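Colleague: Produce the complete structure using the sequences and hints provided.
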Amino acid sequence: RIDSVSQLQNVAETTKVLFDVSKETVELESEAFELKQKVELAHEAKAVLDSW
Amino acid sequence: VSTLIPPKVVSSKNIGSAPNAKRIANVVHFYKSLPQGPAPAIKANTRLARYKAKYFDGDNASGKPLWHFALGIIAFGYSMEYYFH
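Residue numbers (the entry's author numbering), protein chains in the order written: chain U, 106 to 157; chain W, 1 to 85.
Hints were generated in silico from the structure; no laboratory data involved.
Heads up, a few of these hints could be off.
Unchecked claim - Subject to a maximum C-alpha distance of 30 Å in a straight line, what follows is the list of computed DSS-like cross-link-like pairs (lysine-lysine): (1) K128/U with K13/W; (2) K22/W with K32/W; (3) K54/W with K128/U; (4) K151/U with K141/U; (5) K128/U with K141/U; (6) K121/U with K13/W; (7) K64/W with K52/W; (8) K121/U with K8/W; (9) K43/W with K13/W; (10) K128/U with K143/U; (11) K54/W with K64/W; (12) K43/W with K32/W.
To be verified - For each label pair, taking beta carbons as the anchor points, the in silico distance ranges come out as: (13) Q36/W with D108/U: 28 to 38 Å; (14) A39/W with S109/U: 41 to 51 Å; (15) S12/W with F124/U: 11 to 21 Å; (16) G16/W with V126/U: 24 to 34 Å; (17) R23/W with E129/U: 34 to 44 Å; (18) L113/U with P35/W: 30 to 40 Å; (19) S127/U with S12/W: 18 to 28 Å; (20) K13/W with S127/U: 21 to 31 Å; (21) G16/W with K121/U: 16 to 26 Å.
Just so you know, even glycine gets a beta-carbon here, dropped at the ideal spot from N, CA and C.
Modeller: This is the structure:
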């Protein structure tokens, strides 16, 4: 029974860490949307120029 | 996306484990047991708890009380033989 208990003790703290970590990662992708539009603009500009 | 919150609730591995039944048993059984006892043989104390101590302890199955009690019955009817004589 002690063996079961010890596992759960360590889990209780550490899971809160993962919880934060996941949301932090997601934030980076929000900012990635700004990046994505930059990628697009570069592609379009190069394409028109290539045709010229 | 954000990791789900089921692992942050435990109340089904804490009450949901089989040794819990044993735990609540052996906190009562063992905690509430005197580590030592009073005295093994003491019945008939009047210098005959001494008879019990020498003969009717679980430290011996020695034939001496049997002999003594047998000799008592030999002494009983034999004395009465000389009382009936």
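Colleague: Are the hints correct? Go through all of them and say.
Modeller: Do the hints match the structure? See the list:
1. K128/U with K13/W: Status holds; Cα separation ~27 Å.
2. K22/W with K32/W: holds (15 Å)
3. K54/W with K128/U: violated (80 Å)
4. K151/U with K141/U: Holds, because 16 Å separates the two Cα atoms, which is no more than 30 Å.
5. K128/U with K141/U: Measuring from Cα to Cα gives roughly 20 Å; hence the hint holds.
6. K121/U with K13/W: holds (19 Å)
7. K64/W with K52/W: Roughly 11 Å between the alpha carbons, so the hint for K64/W and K52/W holds.
8. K121/U with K8/W: OK: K121/U and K8/W at ~8 Å, within 30 Å.
9. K43/W with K13/W: violated (51 Å)
10. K128/U with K143/U: The hint holds at about 24 Å.
11. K54/W with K64/W: Holds - the C-alpha atoms of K64/W and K54/W are around 9 Å apart, at most 30 Å.
12. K43/W with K32/W: Cα-Cα ~25 Å, so holds.
13. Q36/W with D108/U: 28 to 38 Å: Check passed, 32 Å falls within 28 to 38 Å.
14. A39/W with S109/U: 41 to 51 Å: With a Cβ separation near 42 Å, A39/W and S109/U satisfy 41 to 51 Å, so the hint holds.
15. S12/W with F124/U: 11 to 21 Å: Given about 20 Å between the Cβ atoms, the range holds.
16. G16/W with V126/U: 24 to 34 Å: Cβ of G16/W to Cβ of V126/U: about 28 Å, so the range 24 to 34 Å holds.
17. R23/W with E129/U: 34 to 44 Å: holds (40 Å)
18. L113/U with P35/W: 30 to 40 Å: Hint holds: Cβ distance 32 Å, inside 30 to 40 Å.
19. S127/U with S12/W: 18 to 28 Å: holds (23 Å)
20. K13/W with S127/U: 21 to 31 Å: Because 23 Å falls inside the window, the suggested range holds.
21. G16/W with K121/U: 16 to 26 Å: Check passed, 22 Å falls within 16 to 26 Å.
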